[PDB]
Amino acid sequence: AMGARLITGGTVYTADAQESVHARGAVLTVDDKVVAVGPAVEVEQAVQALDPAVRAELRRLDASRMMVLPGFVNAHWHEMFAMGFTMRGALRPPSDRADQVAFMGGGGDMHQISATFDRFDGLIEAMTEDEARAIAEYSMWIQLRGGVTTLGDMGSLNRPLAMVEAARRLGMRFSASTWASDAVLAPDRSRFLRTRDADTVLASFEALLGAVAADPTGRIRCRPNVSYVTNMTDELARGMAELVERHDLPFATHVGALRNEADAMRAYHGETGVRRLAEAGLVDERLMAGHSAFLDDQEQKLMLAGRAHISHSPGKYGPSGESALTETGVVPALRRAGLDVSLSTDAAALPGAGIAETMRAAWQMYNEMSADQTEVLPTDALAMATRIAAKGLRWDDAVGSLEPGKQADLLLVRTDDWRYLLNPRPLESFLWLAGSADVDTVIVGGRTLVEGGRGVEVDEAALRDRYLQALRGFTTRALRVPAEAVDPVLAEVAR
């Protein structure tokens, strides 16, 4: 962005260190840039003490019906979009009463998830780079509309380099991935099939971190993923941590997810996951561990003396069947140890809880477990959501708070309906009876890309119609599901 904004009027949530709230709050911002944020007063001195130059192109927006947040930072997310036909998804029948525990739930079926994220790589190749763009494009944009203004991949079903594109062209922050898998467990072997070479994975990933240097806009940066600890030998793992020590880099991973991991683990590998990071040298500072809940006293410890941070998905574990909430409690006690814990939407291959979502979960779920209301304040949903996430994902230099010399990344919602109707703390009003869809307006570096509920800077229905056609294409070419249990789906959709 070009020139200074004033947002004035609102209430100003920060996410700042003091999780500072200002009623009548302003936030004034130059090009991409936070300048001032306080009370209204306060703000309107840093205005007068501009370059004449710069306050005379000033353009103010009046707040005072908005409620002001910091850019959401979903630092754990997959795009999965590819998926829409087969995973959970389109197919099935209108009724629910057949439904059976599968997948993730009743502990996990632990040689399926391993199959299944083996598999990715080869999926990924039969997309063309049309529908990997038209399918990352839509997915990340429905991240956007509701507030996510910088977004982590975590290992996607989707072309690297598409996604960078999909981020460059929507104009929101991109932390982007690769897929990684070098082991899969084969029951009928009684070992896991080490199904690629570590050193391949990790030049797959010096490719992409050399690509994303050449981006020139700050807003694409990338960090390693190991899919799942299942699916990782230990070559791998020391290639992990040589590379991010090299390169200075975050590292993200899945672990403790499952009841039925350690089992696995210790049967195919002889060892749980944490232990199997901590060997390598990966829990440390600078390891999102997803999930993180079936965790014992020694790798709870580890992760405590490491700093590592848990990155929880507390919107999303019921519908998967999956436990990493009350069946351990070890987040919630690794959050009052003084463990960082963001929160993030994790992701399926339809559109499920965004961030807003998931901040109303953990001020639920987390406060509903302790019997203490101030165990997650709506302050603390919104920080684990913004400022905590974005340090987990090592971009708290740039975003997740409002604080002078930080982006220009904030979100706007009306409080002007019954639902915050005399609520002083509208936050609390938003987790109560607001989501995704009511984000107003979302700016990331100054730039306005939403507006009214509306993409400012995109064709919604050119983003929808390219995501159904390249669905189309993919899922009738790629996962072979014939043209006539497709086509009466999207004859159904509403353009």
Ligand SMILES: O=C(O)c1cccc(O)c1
Given for the second form:
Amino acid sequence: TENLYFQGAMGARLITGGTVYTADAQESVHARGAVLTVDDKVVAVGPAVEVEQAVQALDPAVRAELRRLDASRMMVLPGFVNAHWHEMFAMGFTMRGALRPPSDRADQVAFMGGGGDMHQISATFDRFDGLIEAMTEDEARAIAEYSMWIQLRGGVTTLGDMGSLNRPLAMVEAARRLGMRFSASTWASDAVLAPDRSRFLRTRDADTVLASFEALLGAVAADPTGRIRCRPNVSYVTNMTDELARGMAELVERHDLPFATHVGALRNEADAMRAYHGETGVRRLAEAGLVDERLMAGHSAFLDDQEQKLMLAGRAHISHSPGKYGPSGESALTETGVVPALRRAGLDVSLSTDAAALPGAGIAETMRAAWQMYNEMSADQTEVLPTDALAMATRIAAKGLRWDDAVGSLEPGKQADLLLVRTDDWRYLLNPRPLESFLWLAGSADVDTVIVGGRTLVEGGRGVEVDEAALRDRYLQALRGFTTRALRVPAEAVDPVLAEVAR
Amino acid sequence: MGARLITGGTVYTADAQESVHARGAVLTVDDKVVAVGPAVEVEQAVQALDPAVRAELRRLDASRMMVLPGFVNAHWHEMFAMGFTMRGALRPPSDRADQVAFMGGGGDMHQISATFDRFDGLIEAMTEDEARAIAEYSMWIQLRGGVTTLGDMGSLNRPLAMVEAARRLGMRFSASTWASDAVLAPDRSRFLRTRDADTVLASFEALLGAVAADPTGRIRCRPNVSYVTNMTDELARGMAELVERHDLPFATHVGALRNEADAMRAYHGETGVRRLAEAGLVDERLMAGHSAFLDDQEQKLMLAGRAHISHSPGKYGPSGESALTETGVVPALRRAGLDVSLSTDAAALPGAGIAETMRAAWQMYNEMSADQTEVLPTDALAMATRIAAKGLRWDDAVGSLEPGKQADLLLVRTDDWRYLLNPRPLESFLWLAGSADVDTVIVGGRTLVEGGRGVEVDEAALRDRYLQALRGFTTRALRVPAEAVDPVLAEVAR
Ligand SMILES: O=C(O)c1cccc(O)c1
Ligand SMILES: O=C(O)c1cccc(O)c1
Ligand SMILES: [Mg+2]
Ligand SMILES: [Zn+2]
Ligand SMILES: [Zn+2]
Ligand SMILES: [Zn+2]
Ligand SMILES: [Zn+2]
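Now that you have shown the form solved without the named molecule, what about the form deposited with the named molecule bound?
Complete assembly follows, chain above in first position.
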């Protein structure tokens, strides 16, 4: 039941006097604009005077309880839709993480760097099911809630799981407790690329993987909040049998779902796919019937001309993460230039954070990265306008997630999912485009207020219902158990680091 | 300033080994660093102080902070006088009708050349009071973001106004003068000489004379050429003679744009780095802004001369510049061991600061090479501190936390969610922090910023004087109607 998490109706709210970015079809921006919300929905958005006319249509009772929020020193955005994310905070001690020396001077190219260590990546992904099984229900819920809180704190109101090292129902429960929206998934890996083998090794039955997703779908079918959906994913096309691909196509058609995977992510992927599967990623997905309007492809940069045409013909979707490629040693923007090229050719392309095991670039940081990096590559300050970067992190992401019915833009009849950012400091002075100043000089921590379905979850940069110190301390205790027991890191290395945390 | 001990934080030195000290310390005495390293080494230096100096020691527990060297932003322009007209305050809030212009699309070489040659007239039109108010606010914004040493590479402001602003603010400043003696006009097949080289050089020599006597150690000067398009051979040779005679650094912009080389061949008969080399300017004194559109011979001239490149990857995309990826030359020359630093460049409203530029280099150089080790976070810091200081010829006194160097340092708080469990707070800073997260700024042992607020600076007062000055200059010199300016000023969130 929804009342376990939150109680009460939100009534009418008028948020007025700020610059309002709608991310509607026309990318509408309203200086001295306003948003009127009633309960969970936007009723009116536009110039303040026009929206005051909508306020005049409210009855004596709704008017008497109207909450007026003076946003005159603020910018209003739609809530961010981060459709390509992974819960990986259980790996905080080992994944580019807490045990590294403070000096970075001895760092090496590994994992996704240097074109990608395809055997290591494939083997690591196939080990997720065993580690998820090893995680306790208590550990999963504590780690999920803190990890997803960090997304919400940065203005993510709708979050999409594209394959997590956590228990699916733990992440669903965390989303319910936090008040945010969540597209849940399950871990899907049924093949590994092993150095001593001439084809992929099947590591589990496709039907097992599919049944796991069907169990999640069953669990959240009934959900009455409107905040929980699900979307099946394949971890990575290296770890995907033809039986899993065909099974996913059947499942998505039968249940009318979106679909997500990672493909064309790495320079070294194509040769490994040919060696172990006989065919590259997009062509394997296309053979299974998965290159269509339902597909959100993560990264999707290492595509040849034929694979680019398959994506365009299918009206598929790419989620791109340009804020985080460099620190991973990925080259999914500039080495091929394919994602900006497919966007110019009319493919839907959104911006996402991807994830790792400690806080990294959020949606705000990713919007800045796209604005800088796409425009520099083309010598064109108009290729990604700031309002395009916002659309890519809101409406366009919602379209790829098949949630644009309800979220991603401030328009009448959509969910009242909004951010407020303060614009009264030196960064914003004299700029009629506060979103541009935000991309120059602000980020996740400058999100002031986060509203989901008309409910304030963050205000003044602080959780309203979230107990921030308590969520952190439960996450750290859970991480201690999982790290010492499942990852076999000695307590001697873990406990003094947790003791030195600044509380 | 007496003695200050800053102890318990993670200390990034940007010394020659890029040393990082977890739970490290810095001891300063008066204007200088005396000890930096592990707490035990630094406590030995505390016990070596004059007893009266130790009795008055200012102890700062930085255990919830990160300590950095002060940022050295060696390629900057004061352009805040153009806030109403230059990608500025009069634009519509919607960006949908924006066009490729100015430096975008390979560069409008005629417009760029003509615009640069108009700077002298607009500087002359600016009052001394307007210049001082605009400079002090503009330079405050750099200081607020952790810039302790700022380098002028050609400003739309009065040089002595910017020197006075630096003196008032307490920061370090390498002052320059505007130098443009040629224009590339569409109705001509050769450059047009607009001023005499000896007069342009005399303007710089007058500034050098004005700051020669400065007793603070905080004011230096460096001659620049605006842009090689606007540079005669006589100006270039005269600059080489001047910097040899006075033992100065030299700066210009060269190889900045796709369309530059063809315009340089058409109007001057030779490309920029080759023209600088002929004049004797491609040597260890040169800081070249952008310097990406270089052929193999020009790359070899830069390496042979041990010249320096200042790169601004935080701001190329919004300008429509392509000085990172279109040629890849600057990362390649850096891998080859050329000194390459990071700078903010300019514009007329706040844009990417040094912190933002460090993040940009870390993301963008590493993505281009599929190598998370090409620019480590500590490299991005060195590029914005020690290496920048070396290019500015100020590494004698600034750019790193080492005994004998100036006590110029930053404190950044690390006690929030962004930093949790990271043994590398600089990495969390590059992921999720920026200019506004600079908490404390110390120059020569003096605290100028603390808790993100000016100590002697009245930020609201500097702002209000800048806005008044901008109103006068915009209405009078830029001829923008009061009807367009006053409503924008009326809307300011005071
Ligand atoms: O975002 C990912 O999970 C991913 C998966 C495979 C390759 C890669 O570079 C990234
Ligand atoms: O940084 C500059 O002043 C500059 C000058 C010329 C070309 C360009 O792209 C930039
Ligand atoms: Mg409250
Ligand atoms: Zn991913
Ligand atoms: Zn409409
Ligand atoms: Zn410049
Ligand atoms: Zn390479």
